[PDB]
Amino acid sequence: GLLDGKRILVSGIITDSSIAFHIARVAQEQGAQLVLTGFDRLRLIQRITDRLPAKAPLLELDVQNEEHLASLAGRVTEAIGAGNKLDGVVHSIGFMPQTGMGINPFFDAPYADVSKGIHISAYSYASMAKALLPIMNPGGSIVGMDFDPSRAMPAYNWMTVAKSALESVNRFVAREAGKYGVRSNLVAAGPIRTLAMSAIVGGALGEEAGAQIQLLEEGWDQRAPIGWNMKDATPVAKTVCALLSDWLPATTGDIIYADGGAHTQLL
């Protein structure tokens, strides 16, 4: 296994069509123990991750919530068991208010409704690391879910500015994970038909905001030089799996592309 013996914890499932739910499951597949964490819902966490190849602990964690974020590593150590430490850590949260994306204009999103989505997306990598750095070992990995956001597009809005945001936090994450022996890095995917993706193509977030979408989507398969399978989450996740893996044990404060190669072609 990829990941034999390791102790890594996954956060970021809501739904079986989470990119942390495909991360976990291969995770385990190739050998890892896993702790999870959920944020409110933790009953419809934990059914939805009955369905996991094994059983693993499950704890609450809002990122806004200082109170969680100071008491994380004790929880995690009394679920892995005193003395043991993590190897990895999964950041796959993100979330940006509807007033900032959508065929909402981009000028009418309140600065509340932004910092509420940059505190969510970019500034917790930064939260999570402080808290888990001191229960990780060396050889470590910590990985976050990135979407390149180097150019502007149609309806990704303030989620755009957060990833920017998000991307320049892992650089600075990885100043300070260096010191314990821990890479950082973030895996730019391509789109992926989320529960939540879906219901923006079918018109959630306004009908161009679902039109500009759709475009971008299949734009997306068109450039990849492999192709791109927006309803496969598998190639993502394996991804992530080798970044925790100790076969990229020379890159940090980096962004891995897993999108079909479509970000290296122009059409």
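Heads up, when I say rigid core I mean the largest set of C-alphas that superpose within 1.5 Å between the two forms. Residue numbers count along the first chain shown, from 1. First, how it differs from the form deposited in another entry.
Superposing the two forms on their core leaves just one of 28, 239, 49, 212 with a Cα displacement of at least 2 Å between these two forms, namely 212. Relative to the superposed core, residue 226 shifts its CA atom by less than 2 Å between these two forms. Residue 59: CA moves less than 2 Å between these two forms after rigid-core fitting.
Annotation: Cα of residue 199 displaced by at least 2 Å between these two forms, core superposition.
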The other form holds:
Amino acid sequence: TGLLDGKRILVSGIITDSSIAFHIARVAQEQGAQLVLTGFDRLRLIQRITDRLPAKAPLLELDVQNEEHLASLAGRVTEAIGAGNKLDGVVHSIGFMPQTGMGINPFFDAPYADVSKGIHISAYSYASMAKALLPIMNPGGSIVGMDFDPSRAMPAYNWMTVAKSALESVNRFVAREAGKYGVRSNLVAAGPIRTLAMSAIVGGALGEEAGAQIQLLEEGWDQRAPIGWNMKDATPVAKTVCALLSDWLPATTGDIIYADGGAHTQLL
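Starting from the form deposited in one PDB entry shown above, please give the structure in the form deposited in another entry.
Shown below: the chain alone.
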């Protein structure tokens, strides 16, 4: 018994083998899921990465800003999994924000063109993915997205914080639409994980006073967490996501599950 025996799950957002999306996929496969992967921009490079997953799985190009890709997605998936099958799961593990909206760059200096692009990719896309894919989702199934607790402002995360606050609201509306199909929609609010986006968008959003000032702030998780937090281990987050994909949280929708070692429950 896999936790996800014979479930068909789409997984977006793999780019390196540190990606949260990757570990979600590895764990979903270990628990008997047959996957359909999506990737953005660097398909050849993503394909080397996905070969390292425990099982082969079809790979589809999806740039959540591409009108045509979303219009096509529903059909490209049906053709990848077998005509007359549907998905039981969907994982949105996608984010972006320009350099201007992040790190040491003044919050007031981010121009709206740039903020808008981030909100498009990191928040609105959760709705446009749900729109494209609900028609090919079974009753019982689960949409899951990735969140970083935005309830309080923090240094550096800046306009991404705002995108996550938007995503949180988007998720509650998707839950309403998804409800008509017997589908749940939830976010996992993870603690920090060494992934590409952490480094090149955030660590590289500061340079010098930079990446050791990542470090201290992120022990505003390991310290607070009553069971601790390990930034190098995505397994706990991946498992938490699989739990939402499974049949074992069947009464939770529009909601947020914290995979953060409990840190958000503790002030110190």
